[PDB]
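In what follows, a single structure is set out as structure tokens and then discussed.
Here the complex is missing one protein chain, while the rest keep their positions.
By letter and in written order, the chains are A, B, C, D and E; residue numbering begins at 1 in each of them.
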Amino acid sequence: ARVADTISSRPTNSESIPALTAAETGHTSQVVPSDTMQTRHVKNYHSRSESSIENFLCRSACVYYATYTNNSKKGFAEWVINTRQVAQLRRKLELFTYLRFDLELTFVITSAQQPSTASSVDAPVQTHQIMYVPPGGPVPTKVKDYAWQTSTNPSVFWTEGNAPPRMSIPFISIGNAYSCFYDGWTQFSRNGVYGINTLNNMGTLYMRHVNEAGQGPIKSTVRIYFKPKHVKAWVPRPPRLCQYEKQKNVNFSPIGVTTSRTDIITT
Amino acid sequence: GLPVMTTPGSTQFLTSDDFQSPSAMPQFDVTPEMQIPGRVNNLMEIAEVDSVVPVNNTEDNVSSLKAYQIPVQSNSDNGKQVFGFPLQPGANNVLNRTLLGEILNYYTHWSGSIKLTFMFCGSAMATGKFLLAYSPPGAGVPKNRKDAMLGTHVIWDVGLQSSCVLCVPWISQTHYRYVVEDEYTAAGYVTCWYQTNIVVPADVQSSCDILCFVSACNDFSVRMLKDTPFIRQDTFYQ
Amino acid sequence: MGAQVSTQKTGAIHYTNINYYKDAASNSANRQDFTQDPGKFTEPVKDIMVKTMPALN
Amino acid sequence: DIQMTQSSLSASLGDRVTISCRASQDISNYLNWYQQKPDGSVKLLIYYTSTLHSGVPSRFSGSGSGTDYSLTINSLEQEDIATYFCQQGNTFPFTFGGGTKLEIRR
Amino acid sequence: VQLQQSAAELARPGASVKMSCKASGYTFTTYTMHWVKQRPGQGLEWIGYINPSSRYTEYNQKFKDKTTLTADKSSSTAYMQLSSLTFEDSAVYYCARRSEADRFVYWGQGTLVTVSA
Partner (left out) sequence: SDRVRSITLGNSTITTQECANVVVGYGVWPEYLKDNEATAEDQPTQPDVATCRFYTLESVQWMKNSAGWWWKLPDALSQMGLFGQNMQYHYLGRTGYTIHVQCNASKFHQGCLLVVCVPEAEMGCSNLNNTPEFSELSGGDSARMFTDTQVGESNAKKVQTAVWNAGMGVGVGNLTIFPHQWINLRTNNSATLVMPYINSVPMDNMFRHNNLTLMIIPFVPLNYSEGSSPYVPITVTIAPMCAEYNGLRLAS
């Protein structure tokens, strides 16, 4: 993806005006520095490889972390899958109106020992389960529930101390692209919710300890990482200026255009 | 049992690797593709589109549309200065938040030329001539029009075509520069001066405005992707 | 046995890969698909205008 | 204005303490819990119905839904002897609850 | 990041007083700054805020005519002026910085304002 190189230039005295244009046409001028001054011939070997949409987006970013405790009934986690709870991946995905990618999904699970009162605790390695429930399936209501059989719902099991688990997910959508913005309602009467929450139906993700609580409580935390592969992107969008406020909508409190200096001629 | 031997780097999670992993939904049939208008393949197609740059940050203009208008009047002396700012496209607060300077804050290095377009939003009976200069570093900022004519300048005559382009060139010792503020890779200054006056007829307002745009040339390039310092978070968005 | 041999990223050499899974959503990222068409954002204009000529006739 | 009705609870060290406050209408899981130390410094504990802020120990726990909400400390220590307010973020303007000061039993 | 308020004050009934909240450790014009009042026999009570980027203030409907909030982008300071001081205006006043939606993560230490003669 090599960039264009500059050609040599000579003094001119003519009726050709490359420097004079009209910006009211909505057209960006294609002038080069060899049209306004005398240049030499350089040949550039610089590439535009690190600014592709694949290289910009295909990096792992944390999207959530949730906790759950061993020594508790209904100590298990749940998360309704979205990408609008962190600030850094939300701003990168919202430079485009529509996107279409596959996923790669990594989990980082850790644990901590909680203040028990029994003498000489000694635990084995912990095993965790992460079950994915598509919209419409049965949900678990406690740790020893029937819904963790996983007859058709996909799940992973993982023992502590190994490499982190990792799956791959195709483009799972009803439309032809994912939408980051949606200017509309759910109802035909134009009441109720408004915005991108109408198009978000991706499922829930559950987490538990498979082991039973032996002698001390254990509090675990799982972090979820997203990595887009095979990316396509349409209709670029200006980058967000104000800080994000909520998850479901695009509300803001107004901020200045940039920071200020003391003069128009100060450097 | 084929004999193998595991090397350092096994069972680690490096967040910028490139491997294959088993699919969780086997034989899934995806939605067929569609021709949607406006497909972007490279981020250097966004930076080549020009956007308006707020030269007029004067602490009571930043939360208004007055930040974008450069005031231009009819004088009684000659050789005055219109504006001036250093050419730091990712550290100086004039060019920091534009469409080119927002892409640059995701990267560490940059190189190439930079276009600066100026539109004269006055009356159709007003005239004027300006001097749009760029001076490489080593000396200070030019304090006169005489010091500014020694650099790379263009002389703009307003008329039917209402726009002019000042193309700053790539004059550097290195191949790349830093996006962050570095004195070792300073890039110079961009100033503007009155060549002649703004001469208006009777019953015409003598105070005009000028809009400024900034884009990138076809030899622009970026390197070493990082995280932007603009967005921030304390708790989860809920 | 498959074995696509492609060239490596270098400055101014080959590598080998095989696909092991039956689903195309489980391969590596592309990382070497370099295409640029910036004229649909910088020249979105019906009548073609020449740079050296004046913009408004 | 949403009235946020919460006065002085007593419990021994190392026990389970439960502080509750009740809204006037539905606030849709938008509740926050704060802690005012006896020297006069305030800090955030639980920034949703159940989500702990970073730097808060795991003794604290939040629950509730609809109108009735609660805050639970599972093991009382000497550092948790303070005043606890609840705050809603559902309607303009922000309304806080009254305090609830913890003290030693005997 | 911390917010540092001024010292305690004292004033006559009918006079005016001015508090302060010097913020440091972050960019001052990015977040709004809110003011909370706590009387010693009551709970906390919200007064108003100011957008430091545009100097836009919005008050509670009870403190509309007495309180005046102001700020400067230079010294990273936010001021609050109380006017027509009565005996109900003897409390502790906190400055807090609002975050994601309705959460105040960072607070000041409070100033004791007392009226007497």
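We adopt the following convention: contacts are C-beta pairs under 8 Å (C-beta built on N, C-alpha and C of every residue); 3 or more make two chains touch, one makes a residue touch a chain.
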Options B:17, B:18, B:147 or B:209, residue touching the unrepresented chain: B:209
Per the touch definition above, residue among B:65, B:150, B:171 or B:180 touching the missing chain: B:65
Touching residue (missing chain; options B:44, B:46 or B:114): B:46
Residues belonging to chain B that touch the chain removed from view: 34-38, 46, 49-54, 63-65, 67-69, 97-99, 102, 119-125, 160, 162, 203-205, 207-209, 211, 213
Touch list for chain D against the chain that is not drawn: 30, 89-92
Touching residues on chain A - with respect to the absent chain: 22-27, 97-98, 175-179, 181-188, 190-191, 193-196, 235-242, 245-246, 249-257
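Here, only the chains that are shown with their structure count from here on.
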Whole-Å gap separating chain B and chain E, where each centre is the average of the chain's CA atoms: 39
Chain B-chain C separation of Cα centroids, rounded to whole Å: 25
Chain D, residues touching no fewer than two other chains: 47, 53
For chain B, residues that touch 2 or more chains besides their own: 20-23, 28, 30, 38, 40-42, 44, 46, 48-49, 59, 62-63, 161, 215, 232-233, 235-238
Residue ranges of chain B in contact with chain E within the complex: 59, 62-63, 232-238
Residue ranges of chain B in contact with chain A within the complex: 10-13, 15-16, 20-25, 28, 30-34, 36-44, 46, 48-50, 54-59, 61-63, 67, 70, 81-86, 93-94, 96-97, 99, 102, 106-107, 111-113, 115, 117, 119, 141, 152, 154, 161-170, 175, 189, 191, 211, 213, 215, 217-225, 227-228, 231-233, 236-238
Contacting residues of chain D [partner chain A, same complex]: 58, 75
